[PDB]
Every structure is written in C-alpha cells, then in structure tokens.
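Before any questions on binding or motion, here is one chain by itself as structure tokens, the form solved without the named molecule.
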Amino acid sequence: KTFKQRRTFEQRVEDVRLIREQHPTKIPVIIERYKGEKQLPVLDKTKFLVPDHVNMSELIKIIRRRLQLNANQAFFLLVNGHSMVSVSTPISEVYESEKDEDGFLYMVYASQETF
C-alpha cells in the first residue's frame, strides 16, 4: 500500500542515488495522503523531484495546485512524521535534517491537524 511497503530498502536507496546522479539539484520527495483521509483527493503520483531552493511555504502552494484545492479546503503537511516548525526554510536545509535513512524526504497530508 505505502511507498515503503511497495519498494525494498535497497530499491529506495538506489532510486535516491539515481536522482543524485541524473537530477543533482532536485530533492527526492515522497508525498502520501493520510490513510484516514476522507476529504482531500489522492495525488497523480507518489515520487516528486523538488527544486532545492524552494521553501516549505512554496511547496505547500505547489501541492495545493497539484491537488486542485479551492480557497477554503484545509491542508496539513507532516515532514518525517511531524509538524513543520517553520515554512520559511529552504527544502535543501529541510532535507539535510529530516531525510529518511533511505535518502527520500517523506511527507503526509490531511484536512485535519489531528492525523
């Protein structure tokens, strides 16, 4: 069901190394809907290559546009399993401190703060 269940640890490590080789300026991001989520739709894919200069505030705007949300729909994003302390941090800095041992950066979205 989840990305980690679909691909082996060895397969996930190797896909991050291929992104380092072929898209060296991109952050490898896994974005998944909270398994309780009723209101928000699913994304068209799971694995995203994010330009390393964008901050978390801009990534939230990108994901709202990808999901085709309207102005009043609530959206909450966890990174590495927890709330973001700040949305102003460049994703290169977020990646270095919150990356998974496989080298992906894991995000989960819900319509409620209570995941």
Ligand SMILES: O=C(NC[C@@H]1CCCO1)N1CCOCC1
Second form
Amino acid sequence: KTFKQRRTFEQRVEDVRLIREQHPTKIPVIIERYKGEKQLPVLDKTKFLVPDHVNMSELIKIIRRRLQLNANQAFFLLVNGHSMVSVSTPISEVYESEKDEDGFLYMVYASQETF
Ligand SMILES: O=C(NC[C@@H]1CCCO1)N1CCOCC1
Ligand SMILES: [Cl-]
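Give me the form deposited with the named molecule bound now, not the form solved without the named molecule.
Okay, now the whole complex, with that chain kicking things off.
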C-alpha cells in the first residue's frame, strides 16, 4: 500500500540516482496521506520532483493547490516522521538533513496535528 512496501530498497535507490541524472535540480519527494486520514483526499500521485529553491511554506501551498483545498480546511505536513521546525527553510537544506537512506524525502499529511 505505502511506497516503501511497493518498492525494494534497491529500486528506490536506483530511481533516486536516475532523478539525479535526468532531473539534477529537483528534490525527489514521496508525499503520502496519513493511514488514519478521514477528511482530506488522496493525491493523484506519490513521487514529486520539487525545484530545490522552493521553501517549505511554498511546498505546503503547492500541495494544498494539488488537493484543491479551500481556505479553512486544515493541512499538516510531517517530514521524515516529525513536525517541520520551520516553513522558511529551502527544500535543498531540508533534503540534506532529513533525506532517507534510499535518498527520497518522505512526507505525510493529515487534517490533525495529532497523526
Ligand atoms: O512532480 C512535479 N513535477 C515534475 C517535473 C515537471 C517537469 C519535469 O518534472 N511537480 C509536482 C510537485 O511540485 C513540483 C512539480
Ligand atoms: Cl532539472
């Protein structure tokens, strides 16, 4: 069901190396709905190539637009399992400290801060 379940560590590693080769300016992001989530829709895809200059605040706006949310639906984004310390950090910096050992940056969204 989840990304890590669907692909071998070997397969996730090789895919990241290919994004490096073909999309060198992009951060490879996995974005998944919280397994408990009732309110928000599922995304149309799992794997996102994010321009490495956007900050976390802009990435939240991007996903809220992708989900076509309205102004009073809540949305919380976890990175590498935990809350974002700041939305002003550039995703290139977030990648280097939060990336998985397979080389993806793993995010999860929910309508509650309590996931
Ligand atoms: O996956 C995405 N785009 C892939 C790009 C577009 C052209 C080459 O690959 N995006 C969704 C998340 O926001 C950034 C854009
Ligand atoms: Cl690129």
